[PDB]
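Engineer: What follows is each chain in one-letter form.
Protein chains: 2
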Amino acid sequence: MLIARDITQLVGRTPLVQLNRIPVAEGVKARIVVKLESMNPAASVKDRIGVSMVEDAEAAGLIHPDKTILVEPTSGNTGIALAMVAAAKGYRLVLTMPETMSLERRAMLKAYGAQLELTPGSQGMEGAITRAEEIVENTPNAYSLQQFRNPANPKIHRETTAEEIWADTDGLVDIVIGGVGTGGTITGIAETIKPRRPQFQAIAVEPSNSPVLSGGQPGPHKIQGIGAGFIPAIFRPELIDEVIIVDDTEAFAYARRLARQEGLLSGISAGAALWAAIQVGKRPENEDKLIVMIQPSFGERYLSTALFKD
Amino acid sequence: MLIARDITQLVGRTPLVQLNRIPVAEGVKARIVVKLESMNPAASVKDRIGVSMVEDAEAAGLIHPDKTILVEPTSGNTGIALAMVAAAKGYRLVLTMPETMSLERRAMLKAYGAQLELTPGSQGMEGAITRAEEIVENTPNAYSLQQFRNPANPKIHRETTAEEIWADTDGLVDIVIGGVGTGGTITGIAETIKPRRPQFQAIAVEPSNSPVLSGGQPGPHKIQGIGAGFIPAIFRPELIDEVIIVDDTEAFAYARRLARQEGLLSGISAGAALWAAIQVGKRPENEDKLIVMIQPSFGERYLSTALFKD
Ligand SMILES: *Cc1c(COP(=O)(O)O)cnc(C)c1O
Ligand SMILES: *Cc1c(COP(=O)(O)O)cnc(C)c1O
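Those sequence lines, one after another, are chains A and A'. A prime marks a further copy of an entry chain.
The opening position of the first sequence corresponds to residue 1 in the deposited numbering, with each subsequent residue numbered one higher.
The opening position of the second sequence corresponds to residue 1 in the deposited numbering, with each subsequent residue numbered one higher.
One or more hints might be untrue.
If chains are identical, the list can't say which one is meant, so a pair holds when it fits in one copy or spans any two.
As the list claims (entries may be wrong) - Here are the computed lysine-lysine pairs in the DSS-like style, where the Cα-Cα straight-line distance is at most 27 Å:
{"no.": "1", "residue 1": "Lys29", "residue 2": "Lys110"}
{"no.": "2", "residue 1": "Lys282", "residue 2": "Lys29"}
{"no.": "3", "residue 1": "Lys194", "residue 2": "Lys155"}
No wet-lab data here; the hints were simulated from the structure.
Pulled out of the complex, with its shape left as it was, chain A reads as follows:
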């Protein structure tokens, strides 16, 4: 019998899909395919790390459902992944999240029974992180899995996300394109694949308004889920070939086209990754290369935002 013990054993193992309209429309000479992290149980890539971080801490005896209050600052998806895990396992969970993130994210957290404290929009992720740190320092048995630092984040991507790409492309993937939030996705992919394919390229995507991976200064932007405003500790710049900066307008435009022209309803950051993959795929040296882009989230979580509202 193939019956999962619980929802945490059903995360990852997401499929690849080719694009059929957008690349030809933009004159792309490479082959662009999409890894659909929208098909995780709670509809984002973060399900993978919600599970891995919690399992890692439990195994080391660092947390226990009967006493630990999990606390995590989030732009939404990590909070939702942990909220699902917490609901399955019986953990109390408190999220801090900036008020600028989509209304759907707030409602998702509450639906799973987690506690949410919103932090001021002007303070961005820094405000969320500071508040979470204050809660953890002060509260007995509070514990932060710390998604920007936790080795279980890049590890699960090395062991699952990257292996899936490797298998599903029969070892022929040439380039992976991924927006950076925590950096775990693109880092874990590069770590696993580069040893097997020396010419493989790992390309990071960030908002042009907050180009910190590129050496620039942090700023406000609308690409929810990427552009934390600092370089995460887990991110390994030495493994990444290049950083592509993306305007908010292009992220929104390409995410809309994903839904309407490909039937791939997608978050804003998937739009940013596609715009980037288009630019890379048009380079003459990349003709007939196989480019996999990561689609981090499903677009239903974004209907209230400027992506689709009106």
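For chain A, the structure is supplied; the task is to place chain A' with the ligands on it using the hints.
Structural biologist: Using the frame of chain A, we list chain A' with the ligands on its own:
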């Protein structure tokens, strides 16, 4: 390479998950497991029929993307499934839907680029169907796949949904419980499995406020996706062992517990199916029987409703 041609080749093949808290809390003597139709690409069971109905009509030369205007009355999910398919394949699509269905459903349809005409809430599905029929009768090249009559609906459930249950339970499933909207799910399951397992039970679920399968009169109710207010042509009462009626309050209560106590964020109708499965699973004759319930939809589509709002 395992790369899907497009999103329509990634529907179905959904997993089973055991329940870990709710059955013991209710003194259930059977084993209740859930088939997660929330994990289809657009997060409901309807993805399966959106694909099968369109492929069937295309193969027979009855529709073509360059000319057909698809038109379908819906409570939401069939419209969304067809909207995804339409976006991938380049069909124009018009949905009629009662204003009583969740706001998320409206926004989902528009996000995929479909056209929506809302019909009066007081008229329910009958109003939606009448308007769709008026559009089709009157409009050149308009075409309704007709989800309540289309043989491709129960067929795809016979060939995919039912085979998945058969395989995943190693042929040991004793009972399937499913709410009835079109009736295709529970009918196709019963058709495939009963010949292989004479003692197998197929049990239909309907709202107590609109118990038409039970021989009663139609009425208004809040279990979105089930209780059409008539017996669908595809539904085969001779294959169904029994109909269980469910109150709106119990559907809401059990859907909330699915999210918060199992980490299975679910639509309202999944709550109705669980309440039913609990009742069946408590019967002394069903001790140690394996009961699979269908979870028709993911709960993100329902955050604006009374299920979670406030
Ligand atoms: C997490 C996330 C990303 C980036 O993934 P990382 O592995 O954290 O870099 C992109 N988009 C969205 C919507 C996310 O939630
Ligand atoms: C379609 C649907 C059902 C019932 O499935 P059928 O195969 O149409 O009987 C139940 N719940 C929801 C939310 C649906 O969209």
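Engineer: Compare the structure with each hint and give your call.
Structural biologist: Checked hints:
In this assembly of identical chains, the alpha carbons of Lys29 and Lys110 never lie at most 27 Å apart, being 45 Å within a copy and 31 Å across copies at closest. For the identical chains of this complex, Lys282 and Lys29 are intra-copy neighbours only, at 6 Å inside a copy versus 61 Å across copies, given an alpha-carbon limit of 27 Å. In the homo-oligomer, the alpha carbons of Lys194 and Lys155 lie at most 27 Å apart inside one protomer (15 Å), although the nearest pairing across protomers, at 45 Å, exceeds that limit.
Of the numbered hints given earlier, the model fails hint 1 alone.
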